[PDB]
Amino acid sequence: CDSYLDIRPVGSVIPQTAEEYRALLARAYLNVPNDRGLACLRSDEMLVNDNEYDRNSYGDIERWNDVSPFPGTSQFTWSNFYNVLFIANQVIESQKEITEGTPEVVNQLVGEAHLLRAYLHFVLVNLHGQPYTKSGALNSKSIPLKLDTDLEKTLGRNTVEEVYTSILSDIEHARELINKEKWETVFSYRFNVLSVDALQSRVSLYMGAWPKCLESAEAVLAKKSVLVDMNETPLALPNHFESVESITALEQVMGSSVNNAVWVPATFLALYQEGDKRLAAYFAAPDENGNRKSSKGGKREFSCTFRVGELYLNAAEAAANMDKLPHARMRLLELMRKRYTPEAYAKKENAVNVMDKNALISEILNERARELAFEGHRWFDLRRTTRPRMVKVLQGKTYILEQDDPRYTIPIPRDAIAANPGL
Amino acid sequence: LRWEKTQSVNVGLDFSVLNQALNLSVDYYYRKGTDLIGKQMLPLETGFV
Numbered sequence: 019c020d021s022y023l024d025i026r027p028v029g030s031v032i033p034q035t036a037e038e039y040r041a042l043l044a045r046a047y048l049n050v051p052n053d054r055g056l057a058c059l060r061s062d063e064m065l066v067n068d069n070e071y072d073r074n075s076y077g078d079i080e081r082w083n084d085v086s087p088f089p090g091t092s093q094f095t096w097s098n099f100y101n102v103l104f105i106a107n108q109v110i111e112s113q114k115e116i117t118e119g120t121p122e123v124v125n126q127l128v129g130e131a132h133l134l135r136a137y138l139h140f141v142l143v144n145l146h147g148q149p150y151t152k153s154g155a156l157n158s159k160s161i162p163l164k165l166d167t168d169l170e171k172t173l174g175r176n177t178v179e180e181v182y183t184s185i186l187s188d189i190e191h192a193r194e195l196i197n198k199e200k201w202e203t204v205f206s207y208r209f210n211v212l213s214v215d216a217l218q219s220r221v222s223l224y225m226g227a228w229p230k231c232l233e234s235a236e237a238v239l240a241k242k243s244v245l246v247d248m249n250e251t252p253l254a255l256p257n258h259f260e261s262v263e264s265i266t267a268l269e270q271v272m273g274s275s276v277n278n279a280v281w282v283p284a285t286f287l288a289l290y291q292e293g294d295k296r297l298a299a300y301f302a303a304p305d306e307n308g309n310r311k312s313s314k315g316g317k318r319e320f321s322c323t324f325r326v327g328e329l330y331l332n333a334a335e336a337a338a339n340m341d342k343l344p345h346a347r348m349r350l351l352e353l354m355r356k357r358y359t360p361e362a363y364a365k366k367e368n369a370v371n372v373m374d375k376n377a378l379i380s381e382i383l384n385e386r387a388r389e390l391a392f393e394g395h396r397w398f399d400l401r402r403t404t405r406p407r408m409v410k411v412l413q414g415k416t417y418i419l420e421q422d423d424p425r426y427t428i429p430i431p432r433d434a435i436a437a438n439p440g441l
Numbered sequence: 757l758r759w760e761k762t763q764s765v766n767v768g769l770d771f772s773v774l775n776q777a778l779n780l781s782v783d784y785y786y787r788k789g790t791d792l793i794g795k796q797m798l799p800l801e802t803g804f805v
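Chains as they are written, first to last, in the entry's author numbering: chain A, 19 to 441; chain C, 757 to 805.
These are calculated hints, taken from the structure and not from any lab test.
Hints may contain errors.
[Claimed, not checked] Cross-link-like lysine to any residue pairs, in silico, SDA-like; alpha carbons within 25 Å at most:
(1) C/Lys795 x A/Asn98
(2) A/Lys114 x A/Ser21
(3) A/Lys230 x A/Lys114
(4) C/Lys795 x A/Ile435
(5) A/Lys171 x C/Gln796
(6) C/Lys795 x A/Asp433
(7) A/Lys198 x A/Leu186
(8) A/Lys171 x C/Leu769
(9) C/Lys795 x A/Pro27
(10) C/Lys795 x A/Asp166
(11) C/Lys761 x A/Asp168
(12) A/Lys159 x C/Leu798
(13) C/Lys795 x A/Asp168
(14) A/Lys171 x C/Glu760
Required output: the full structure, derived from the provided sequences and hints.
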């Protein structure tokens, strides 16, 4: 007769070992979309080139031309998000079926999958969903949640509250499973123990939960606090994966094409003070109109999802938002000390010490804009705080994005709608 | 993954007359097969096209 119905085919690679599941998860890590830079294309920190073959791709994104974009405009990768989500869910579902691995290794694999799922849902719901802090947005259908590996099911859009509940649940699941304090530099894209806290801090900052944001930022800051002192090294980028500032070097925010096809407008560069090491380290020499190409991305070695510089600002903003100006002014001015010259840092310290909570919050936001420039942290930080009216003059025309615009949310890509009409 | 369903009905007549001098057997059938395995264009919310 036969035996148990436990037979594996022998023509392909069927992942069963912890090594094979790590290979599958590494392939998932590879395909994390670079859509945060494409989203920041809609902010005030990027300027597409004035030549053709580059306007056709990113111009309509720059001008918020959602209703009638160019046929050849660059599309947001809705498919890659859910491919990586499928692999994350496969690793999550095969917990007890992973063999030839110690309990700690399998637990960390599943925790990394949980955190990858939470991070992907977070960035997806911030791309194509209304901001959490916006009034009337907690019950608006944003994106479907990929919580299984089902193939014969059509997913419907979830409300923003459900998506964020899932993100927080997965962060909690990953907190109790990830057990690796530090990864190798070459393998640094994988989520560590501090990655859970950094993601929790960012999620709570985007949600508006200031106490939890500050708690998580302080929890990660008790272990990793050392910044890149660019007064000692005037050419060291914290965005670099070799940096001591990096926590997770996963997402290369700016792709080669996107980086090569954008300048930095002089209006954005006017936010930098006279003595600022970021002014020269981040960008190149000026041009005819004062526009600078950015040397902070476009190649795979400038990969960074989380780092200490962002968490300092997270803690500063959380402290400033709950009437803790001592704490905010302490966490702040600890970043400018590492980014400003000593001649300008004293003036910055005096200015910071002579503001109230609203002016301090505005200064913290400006410091976030300067520090996290070309790191996929401008469009979303615009959506979080105020949704300010933005005027952009391009090709002799003017384009105006009103305050609280419906265009602050990027519509779901056309391929996603074509495959799933109820989207 | 499963088998492919085939829901079928059959109505048949058996007739025999004159010491089997002539036998007739008619069968009308209707077989509707569903859950057939084939390539489908899936929604992009799963990992595949």
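Hint check results:
Simply put, C/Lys795 and A/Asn98 have alpha-carbon atoms about 21 Å apart, close enough for the 25 Å limit, and the pair holds. For the proposed pair A/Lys114 and A/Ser21, the alpha carbon gap of about 22 Å is at most 25 Å, so the pair holds. Taking the CA atoms of A/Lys230 and A/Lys114, the gap is near 33 Å; set against the 25 Å cutoff, the hint is violated. A threshold of 25 Å between alpha carbons decides the hint, and for C/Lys795 with A/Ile435 the separation of about 20 Å falls inside it, so the pair holds.
A hinted pair counts as satisfied when its Cα atoms are at most 25 Å apart, and A/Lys171 with C/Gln796 qualifies at roughly 12 Å. Only pairs whose Cα atoms come within 25 Å are accepted, and C/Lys795 paired with A/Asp433 is accepted, the gap being roughly 19 Å. Distance hint between A/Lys198 and A/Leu186 is fulfilled; the C-alpha atoms sit about 20 Å from each other, no more than 25 Å. For a cut-off of 25 Å, the pair hint linking A/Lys171 to C/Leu769 is broken: about 44 Å separates their Cα positions.
Between C/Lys795 and A/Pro27 the alpha-carbon distance is near 21 Å, which keeps this suggested pair within the 25 Å criterion. Simply put, C/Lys795 and A/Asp166 have alpha-carbon atoms about 21 Å apart, close enough for the 25 Å limit, and the pair holds. For the suggested pair C/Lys761 and A/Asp168, the alpha carbons sit about 20 Å apart, so the restraint of at most 25 Å is met. For the hint pairing A/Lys159 with C/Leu798, the CA-to-CA distance comes to about 21 Å; that is within 25 Å, so the pair holds.
Simply put, C/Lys795 and A/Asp168 have alpha-carbon atoms about 16 Å apart, close enough for the 25 Å limit, and the pair holds. A C-alpha spacing of about 18 Å is found between A/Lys171 and C/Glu760, which places the hinted pair at or below 25 Å, so the restraint holds.
Hint violations for this structure: numbers 3, 8, all remaining hints satisfied.
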